[PDB]
Amino acid sequence: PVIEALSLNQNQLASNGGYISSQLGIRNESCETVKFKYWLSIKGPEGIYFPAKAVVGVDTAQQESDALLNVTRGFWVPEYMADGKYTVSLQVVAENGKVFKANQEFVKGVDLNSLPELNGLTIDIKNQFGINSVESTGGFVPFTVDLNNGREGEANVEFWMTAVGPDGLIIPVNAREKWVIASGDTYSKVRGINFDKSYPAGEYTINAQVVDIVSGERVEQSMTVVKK
Amino acid sequence: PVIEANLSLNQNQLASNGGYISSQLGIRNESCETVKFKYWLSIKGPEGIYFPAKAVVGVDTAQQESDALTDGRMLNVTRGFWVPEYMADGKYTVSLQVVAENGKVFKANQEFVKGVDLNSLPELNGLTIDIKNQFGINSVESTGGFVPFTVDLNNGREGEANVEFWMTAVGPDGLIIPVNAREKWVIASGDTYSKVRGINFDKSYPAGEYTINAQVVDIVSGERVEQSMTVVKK
Ligand SMILES: [Mg+2]
Numbered sequence: 038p039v040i041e042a044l045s046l047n048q049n050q051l052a053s054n055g056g057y058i059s060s061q062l063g064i065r066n067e068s069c070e071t072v073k074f075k076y077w078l079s080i081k082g083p084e085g086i087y088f089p090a091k092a093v094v095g096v097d098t099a100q101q102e103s104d105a106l112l113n114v115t116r117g118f119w120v121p122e123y124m125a126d127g128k129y130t131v132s133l134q135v136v137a138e139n140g141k142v143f144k145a146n147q148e149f150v151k152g153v154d155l156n157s158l159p160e161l162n163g164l165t166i167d168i169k170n171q172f173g174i175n176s177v178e179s180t181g182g183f184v185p186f187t188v189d190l191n192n193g194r195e196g197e198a199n200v201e202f203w204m205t206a207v208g209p210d211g212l213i214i215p216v217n218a219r220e221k222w223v224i225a226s227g228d229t230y231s232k233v234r235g236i237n238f239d240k241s242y243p244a245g246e247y248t249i250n251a252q253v254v255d256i257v258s259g260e261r262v263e264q265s266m267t268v269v270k271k
Numbered sequence: 038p039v040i041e042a043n044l045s046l047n048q049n050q051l052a053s054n055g056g057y058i059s060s061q062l063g064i065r066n067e068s069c070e071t072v073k074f075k076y077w078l079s080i081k082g083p084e085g086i087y088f089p090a091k092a093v094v095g096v097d098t099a100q101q102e103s104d105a106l107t108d109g110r111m112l113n114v115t116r117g118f119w120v121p122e123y124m125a126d127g128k129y130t131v132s133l134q135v136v137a138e139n140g141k142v143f144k145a146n147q148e149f150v151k152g153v154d155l156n157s158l159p160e161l162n163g164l165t166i167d168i169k170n171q172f173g174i175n176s177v178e179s180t181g182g183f184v185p186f187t188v189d190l191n192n193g194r195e196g197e198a199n200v201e202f203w204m205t206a207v208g209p210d211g212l213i214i215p216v217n218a219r220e221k222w223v224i225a226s227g228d229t230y231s232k233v234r235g236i237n238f239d240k241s242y243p244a245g246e247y248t249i250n251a252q253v254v255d256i257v258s259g260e261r262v263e264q265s266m267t268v269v270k271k
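Going line by line, the protein sequences match chains A and B. Under the UniProt record's numbering, read the first sequence as residues 38 to 42, 44 to 106, 112 to 271, first letter to last. Using the UniProt record's numbering, the final residue of the second sequence is 271, and nothing's skipped along the way.
If you are wondering where the hints come from, they were derived from the structure by calculation, not from laboratory data. Hints should not be assumed to be uniformly reliable.
EDC-like, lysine to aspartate or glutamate: derived pairs with alpha carbons at most 20 Å apart [as the list claims (entries may be wrong)]:
#1 A:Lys232 <-> B:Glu178
#2 A:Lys144 <-> B:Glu246
#3 A:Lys73 <-> B:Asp239
#4 B:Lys271 <-> A:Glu246
#5 B:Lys81 <-> A:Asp210
#6 B:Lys221 <-> A:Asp97
#7 A:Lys221 <-> B:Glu122
#8 B:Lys240 <-> A:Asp104
#9 A:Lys240 <-> B:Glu102
#10 A:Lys128 <-> B:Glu84
#11 B:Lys81 <-> A:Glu201
#12 A:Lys221 <-> A:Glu197
#13 A:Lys75 <-> B:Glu102
#14 B:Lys169 <-> A:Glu197
#15 B:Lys81 <-> A:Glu246
#16 B:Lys81 <-> A:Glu260
#17 B:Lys141 <-> A:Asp210
#18 B:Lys240 <-> A:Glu201
#19 A:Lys144 <-> B:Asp210
#20 B:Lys144 <-> A:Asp239
#21 A:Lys91 <-> B:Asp97
#22 A:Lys91 <-> B:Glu201
#23 A:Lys144 <-> A:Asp239
#24 B:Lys240 <-> A:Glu138
#25 B:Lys141 <-> A:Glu220
#26 B:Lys81 <-> A:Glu220
#27 A:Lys240 <-> B:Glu138
#28 A:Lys141 <-> B:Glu246
Hey, can you work out the whole structure from these sequences and the hints?
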């Protein structure tokens, strides 16, 4: 690796938001000097994406290279942004096109170390065997889905999954299903996606959504699989 | 082109209570030889929503199956979907997507709106948001290129608007490239915040599709609106 790339001072914010301070480390392990560009960005719920940089005036700058690093950057997460899971991403693009990323999570207005949930309905969706990539010639990745209703009454849920990938692909992974889950019951399945040989190389976000139809609240779970 | 894809929607405007959209899908094999492909219909919406057109009464157990079209022959199917009241008001894109056996991707897209006017600017309660690819540059070379965007935030309200604004490029390999840092503006009644802002796609950046994504927030109401535009790096 020509580059090795993050830690956050805290990983839990309340719904009123707060400040996250991040320590960025970029090491040049290789024999030669390396030129790269780097930045810090955030991905959140409800399609939020934002740069860690905030400015008091007009942003006039462009992405400058460095050459080889230890810097600290902090950002505010305002109350208005959605409650849920955020990913902070230090990203480095080396002159030769190799991309390096270091990611860490924080949560806003939900418990770290508890499952995602819709008011007692708990959502446990996982890459079953931790398969983070498949070959260009194709591969299959199964995902476990457990929707456990911890409420006193029955929960009316809707559930689907897509693979959001290269070339603007949005591949159906699970069609939209609707379930009435009794108090104390669980909806469980294993669902896989076959990445056909024909599908483009690159990064796919397996994106599960669960909706409580009565409250209208929606929660996402995103998992990444790379097709080489 | 080994495939030509066509899509049309029976209507392009829904109320906030939602409704049903019926879509006509056309896939034509123009080429000399028989072609094998897979295809599907998906929707992208506000607030990070993505969903498949298909809904099932039980447990979805099926996988994406291939179809085949002989020389000159075509496929015509009609598919519909419900857009429930709970999904966000704003702009939606319906996408018919075809992946041919050889890896070539073909797409036909159409827009509909929910709870907003078709043919009006995105807005936050009288604050209008007009963000555009300035010269209609939809792609840049692998060796690099620069694309400028115009930003016009016109405050049509009686009072001043307190806005926050930023832009990223969401691209291949999970890149989220800063394009405009987070700025805050106080725009007086009747004024416009205008700027031109560009992104340099350096040679080093990966080939593929970049969504230039602008977000505008009314800091007082806490309402947020996006505008997305696509640039392909070859
Ligand atoms: Mg209508």
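Going down the list of hints, with the structure as the test:
1. A:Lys232 <-> B:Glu178: Distance of about 45 Å is beyond 20 Å: violated.
2. A:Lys144 <-> B:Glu246: With a Cα-Cα distance of about 19 Å, the restraint between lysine 144 (chain A) and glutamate 246 (chain B) holds, given a limit of 20 Å.
3. A:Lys73 <-> B:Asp239: Distance of about 13 Å is within 20 Å: holds.
4. B:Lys271 <-> A:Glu246: holds (17 Å)
5. B:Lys81 <-> A:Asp210: holds (14 Å)
6. B:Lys221 <-> A:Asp97: holds (11 Å)
7. A:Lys221 <-> B:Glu122: holds (15 Å)
8. B:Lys240 <-> A:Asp104: Status holds; Cα separation ~15 Å.
9. A:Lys240 <-> B:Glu102: holds (13 Å)
10. A:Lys128 <-> B:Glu84: Holds, at about 14 Å.
11. B:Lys81 <-> A:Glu201: holds (17 Å)
12. A:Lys221 <-> A:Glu197: With Cα atoms ~13 Å apart, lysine 221 (chain A) and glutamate 197 (chain A) stay inside 20 Å; holds.
13. A:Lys75 <-> B:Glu102: Judged against 20 Å, a Cα distance of about 42 Å means the pair is violated.
14. B:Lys169 <-> A:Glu197: violated (47 Å)
15. B:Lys81 <-> A:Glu246: holds (18 Å)
16. B:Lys81 <-> A:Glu260: holds (18 Å)
17. B:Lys141 <-> A:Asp210: holds (10 Å)
18. B:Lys240 <-> A:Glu201: violated (44 Å)
19. A:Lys144 <-> B:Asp210: Cα-Cα ~9 Å, so holds.
20. B:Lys144 <-> A:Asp239: holds (18 Å)
21. A:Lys91 <-> B:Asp97: Violated: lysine 91 (chain A) and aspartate 97 (chain B) sit about 43 Å apart, past 20 Å.
22. A:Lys91 <-> B:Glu201: Holds, because 13 Å separates the two Cα atoms, which is no more than 20 Å.
23. A:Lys144 <-> A:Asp239: Not satisfied, since the Cα-Cα distance of roughly 26 Å exceeds 20 Å.
24. B:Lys240 <-> A:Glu138: holds (8 Å)
25. B:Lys141 <-> A:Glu220: violated (30 Å)
26. B:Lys81 <-> A:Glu220: Between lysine 81 (chain B) and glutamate 220 (chain A) the Cα gap is close to 18 Å, so the pair holds against 20 Å.
27. A:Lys240 <-> B:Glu138: Given that 20 Å is the threshold and the Cα spacing comes to 8 Å, the pair holds.
28. A:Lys141 <-> B:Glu246: Holds - the C-alpha atoms of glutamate 246 (chain B) and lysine 141 (chain A) are around 17 Å apart, at most 20 Å.
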